[PDB]
Amino acid sequence: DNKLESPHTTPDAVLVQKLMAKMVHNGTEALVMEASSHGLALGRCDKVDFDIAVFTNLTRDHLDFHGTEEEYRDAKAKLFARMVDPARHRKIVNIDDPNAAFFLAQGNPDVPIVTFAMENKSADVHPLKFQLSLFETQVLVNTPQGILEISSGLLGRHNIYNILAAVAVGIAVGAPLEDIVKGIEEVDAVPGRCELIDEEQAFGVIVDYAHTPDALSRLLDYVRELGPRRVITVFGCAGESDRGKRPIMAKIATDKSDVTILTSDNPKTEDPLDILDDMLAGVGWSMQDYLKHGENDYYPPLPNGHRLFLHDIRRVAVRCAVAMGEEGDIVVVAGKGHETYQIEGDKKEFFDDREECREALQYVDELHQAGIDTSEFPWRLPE
Amino acid sequence: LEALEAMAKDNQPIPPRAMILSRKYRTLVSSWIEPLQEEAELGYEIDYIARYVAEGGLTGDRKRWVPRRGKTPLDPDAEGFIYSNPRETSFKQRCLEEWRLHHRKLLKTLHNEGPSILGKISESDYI
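Chains as they are written, first to last, in the deposited numbering: chain N, 386 to 768; chain D, 384 to 510.
If we strip away everything but chain N, and leave its shape as in the complex, we get:
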């Protein structure tokens, strides 16, 4: 159950094998080595006999590193064919992806093959239920091999696809669907990636690791699908990161989100206001304007009808975002989903965490009773 700290995403193969042997000697009955596409292409999980080698989503992975498409899938297929047993290897993957079928075609044909696609009729898997929600999305899977009950996923299609892919691995060990209750609970346990909303009585507040424009837009679409009302997002770029990303992301956020608060998530040896200006350049504004508009109480809204707001401190920005909410409105924190380190220049602070956002939801009642107004960034105070 425990996980050792490793700097790289995939540790050394010899060290991983030694740790697996030490665990299997005492304290563990099985040593499963799971690695991503890059780890499998590097040779971490390749030098290990894999009993079941299935792909959750087969697509163009490591195209810039390997220099050729479908390289990671071919490496995984070769590693599975190196050590393969009859009716022991599982090829559960989405049938819509051509790389998945290409990888399943290679290797020993005696291995069991199955598809986890929902729209495909050959896979026999389908949701057949309408219970999508931000808290729990339960589906009644009706398949001959898959289990009846499904896991509650936070996402609409990604989490549903992950649950459908895991149902096959859960049913391969045990045909009874009662054993999948623990797996469904662990899937609904709100893991690190795209953490769910806090359990406090308040509006939706989610933490996501949207460090790229594509992931930011995907998460914004996922939240717009579920979001009944105004969607507020707070994120920042990285000092010394590619600045090409900066103009587009701000625009992508301002397009979907009605209220966007931009703050410096990681200064990383760059001025906070210096990168915020480059970010606002995407929507057409500059720091001099914002400030002049700011001097004015108005803060005029974007021509599309959405309001943009800028601050330099991440803590106060997250607090104002978590204090500005409605019954149906949702706030999305996209700076650091699975990270709690904030480094401004040489100094590094670990104050940033989800507990900071929970404290804001807990203490917003005092500001509400006192009379402070959080509807707009210029807060109205008594006198």
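Simulated from the structure, these hints should not be mistaken for laboratory data.
Each hint can be trusted.
List of simulated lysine to any residue pairs, SDA-like, C-alpha gap at most 25 Å:
#: 1; chain 1: N; residue 1: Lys636; chain 2: D; residue 2: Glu428
#: 2; chain 1: D; residue 1: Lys407; chain 2: N; residue 2: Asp674
#: 3; chain 1: N; residue 1: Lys636; chain 2: N; residue 2: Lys653
#: 4; chain 1: D; residue 1: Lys475; chain 2: D; residue 2: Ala401
#: 5; chain 1: N; residue 1: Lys677; chain 2: D; residue 2: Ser473
Cβ pair distances, simulated, as ranges:
#: 6; chain 1: N; residue 1: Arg765; chain 2: D; residue 2: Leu484; range: 44 to 50 Å
#: 7; chain 1: D; residue 1: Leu411; chain 2: N; residue 2: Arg603; range: 41 to 47 Å
#: 8; chain 1: N; residue 1: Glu741; chain 2: D; residue 2: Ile429; range: 36 to 42 Å
#: 9; chain 1: D; residue 1: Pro469; chain 2: N; residue 2: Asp738; range: 51 to 57 Å
#: 10; chain 1: D; residue 1: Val436; chain 2: N; residue 2: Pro529; range: 50 to 56 Å
#: 11; chain 1: N; residue 1: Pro767; chain 2: D; residue 2: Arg470; range: 38 to 44 Å
#: 12; chain 1: D; residue 1: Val436; chain 2: N; residue 2: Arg578; range: 30 to 36 Å
All C-beta atoms, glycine included, are put in the ideal place defined by N, C-alpha and C.
Once you've looked at the hints, dock chain D against the given chain N.
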């Protein structure tokens, strides 16, 4: 226009200081139209990201409009002047201002020259 004609007569090209403002519409040709510090409507939408990569995108070479504490003008057009760039005034505003100044100096001459004038109708015409 007179200065441009003189430069054309003396075969002097325009210096490379044709500086654009925050809005890339600004130039010596049309910065004096009624809509000042505002960009005109075009068929295609303004591609701010395209502009970003055009000025220089992630090559760390762009003019970031952020006010600084030091006594240095953030606007690049103010460079070369002792105090600041001349205040922005439209052509129509300049025309109405010079018209008002001409009429004001005419009224001043009428005041300090007495009622005696070329006009022979004094009573109603003075008022």
